[PDB]
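As a plain string of letters, each chain reads:
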Amino acid sequence: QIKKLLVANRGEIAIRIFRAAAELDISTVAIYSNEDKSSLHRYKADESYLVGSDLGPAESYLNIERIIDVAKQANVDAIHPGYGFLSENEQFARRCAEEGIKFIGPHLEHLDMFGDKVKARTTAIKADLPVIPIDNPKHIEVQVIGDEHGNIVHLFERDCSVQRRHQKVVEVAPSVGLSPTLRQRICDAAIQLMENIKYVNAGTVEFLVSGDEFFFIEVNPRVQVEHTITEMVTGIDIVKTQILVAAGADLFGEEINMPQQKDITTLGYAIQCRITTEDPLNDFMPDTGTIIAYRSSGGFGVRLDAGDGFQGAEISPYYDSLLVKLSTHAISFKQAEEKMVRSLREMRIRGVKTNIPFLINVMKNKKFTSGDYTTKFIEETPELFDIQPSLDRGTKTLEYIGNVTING
Amino acid sequence: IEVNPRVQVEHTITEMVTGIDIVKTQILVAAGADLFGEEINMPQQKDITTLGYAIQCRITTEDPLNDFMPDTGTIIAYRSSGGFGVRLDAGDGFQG
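So the sequences go chain by chain: A and B.
Remember, the numbering used here sits 239 above the position in the first sequence when you count from 1.
Residue 66 in the numbering used here sits at position 79 of the second sequence; the count goes up by one each step and never skips.
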């Protein structure tokens, strides 16, 4: 029934929802702030509105009442919150229902359980899942999608072990090195939990792995950044599915066309990382300014999700930095790693320092290439911060010619 | 009907459902590498399957408005897109 969708978000994910929505012949509505006046997502929808006349920085995409007003005036049926803003916000979800706008995600009582780190454990132990009663851990996450009609499936797992601190860096789907029996139990735990609470829409279940053992951590009651990696290996459009799930449709019907859990398998491996302005040379402080040159990769198995990565782009410090979200997909993990490297090396960003060289080394290192690696992979790798200089030739030649042409 | 003793323009459509990089495999076969080794990583014939469906469409300078005639001209604007399983193999159209 959903005919007009609004995205309560910015960047690559908004563009993602908009494209998905358009494939379903749904009109799109963007929301933008003053400093996002030339963000690509603003121009990528059927409609865009300045949320908050005088609103500040990151509070623009958090301002519940102005968003809902923009939704009311434009006749919006459903709001997709993407991730990382009002995604896990019960209040916004309530005010959506109360005003007749379908909140794209799980129900009010779903965001309640998993919003509080203390309440989630009670739910976890009621469905008989292992909890913290803790060394050498692997961070494993299971994707799930269920409809409003009781049909629930999982889209296998995602290795999330590569992380520097509390920041995820590199994800893999499915697991390399992790046994088939382990795989199944962790999946079956995730489906036991969500099928107990009668879960609706896309959700992620965060676990931990020691050897032949796992522990429940948290539940992300929305879409994740790393979703695409799972799409590539299972062939299933998660985002598009969400829109269909909030539209009532049965996942085994004409709209979603979900293959029965038995018929769901993985094809090859997929890897993802984010291209940010973070400088390995400079404590990972996000760099700001204007990009003067932007060239991107592509090709078979390479998937680009641009955020602030374009030619004219002006980088505002007020948001979590993200230029391009880059994923690769090949029959083998070895092959999947190589595409990533080349794509990373084929890139070119100038006028701002990037995290590319750091990422290059990560994919190049064999403690990652082996498939066996823990959350302390970065901790145990000091050489991962090797100083590759990176000179900029062409630019200097363009300046010389430019100067002599105009000034003699 | 016939045999095409090379890669076809439409190769990607098969790569997307089977998950094999055909072009890559060509190079490796020419390099002398094994079909089922840790190099080509090809699955067994029984394990080789399709995932979903793939379509390929041709975009040319010619048109139904002009009896399919390849025109010259400068391309004033080029506009790509993107998406899961949306490949734009850029060729004759890049910029001005």
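Please note: incorrect hints may appear among the correct ones.
Using 30 Å as the maximum straight-line C-alpha spacing, the simulated DSS-like pairs for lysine-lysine come out as follows [said to hold, decoys possible]:
| # | chain 1 | residue 1 | chain 2 | residue 2 |
| --- | --- | --- | --- | --- |
| 1 | A | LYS603 | A | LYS615 |
| 2 | A | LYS635 | B | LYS11 |
| 3 | B | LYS33 | A | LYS437 |
| 4 | B | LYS33 | A | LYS501 |
Sample of chain B residues with no beta-carbon within 12 Å of chain A, all distances over it, derived [what the hints assert, rightly or not]:
| # | residue |
| --- | --- |
| 5 | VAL(-10) |
| 6 | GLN32 |
| 7 | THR37 |
| 8 | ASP54 |
| 9 | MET56 |
| 10 | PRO57 |
| 11 | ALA64 |
| 12 | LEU75 |
| 13 | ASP76 |
| 14 | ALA77 |
| 15 | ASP79 |
| 16 | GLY83 |
Honestly, the hints are just simulated from the structure, not real lab data.
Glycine included, C-beta positions come from ideal geometry on N, C-alpha and C.
Hint check results:
1. At roughly 17 Å between alpha-carbon atoms, A:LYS603 and A:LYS615 fall within 30 Å of each other, so this suggested pair holds.
2. Restraint check for A:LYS635 and B:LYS11: the C-alpha separation of about 36 Å exceeds 30 Å, so the hint is violated.
3. Note on B:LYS33 and A:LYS437: the hinted pairing is violated, with a Cα-Cα distance of about 38 Å set against a maximum of 30 Å.
4. With a C-alpha separation of about 18 Å, the suggested pairing of B:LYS33 with A:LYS501 holds against the 30 Å cut-off.
5. Non-interface status of B:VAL(-10) relative to chain A is upheld: no Cβ of that chain comes within 12 Å, the nearest being about 24 Å off.
6. Distance check on B:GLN32: its Cβ is at least 14 Å (rounded) from any Cβ of chain A, clearing the 12 Å threshold; non-interface status holds.
7. Annotated as non-interface, B:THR37 brings its C-beta within 12 Å of a C-beta of chain A; the closest such distance is 9 Å.
8. The beta carbon of B:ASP54 is kept farther than 12 Å from every beta carbon of chain A, the shortest such distance being approximately 33 Å.
9. Chain A leaves B:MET56 outside its interface by the beta-carbon criterion, the shortest separation being 30 Å against a cut-off of 12 Å.
10. Here B:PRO57 stays apart from chain A, with its beta-carbon at least about 25 Å from theirs, past the 12 Å limit.
11. The Cβ of B:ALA64 lies farther than 12 Å from every Cβ of chain A, with a closest approach of about 14 Å, so its non-interface assignment holds.
12. Residue placement check: B:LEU75 does not keep its beta carbon more than 12 Å from all beta carbons of chain A (closest about 7 Å).
13. A Cβ of chain A approaches the Cβ of B:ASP76 within 12 Å, the least distance being about 8 Å, so the stated non-interface status is violated.
14. B:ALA77, annotated as away from the interface, has a beta carbon of chain A within 12 Å; the closest lies near 8 Å.
15. Separation of B:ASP79 from chain A is adequate, the least Cβ-Cβ distance of about 16 Å exceeding the 12 Å criterion.
16. With a closest Cβ-Cβ approach of about 15 Å to chain A, B:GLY83 is found to remain outside the 12 Å limit, as its non-interface label requires.
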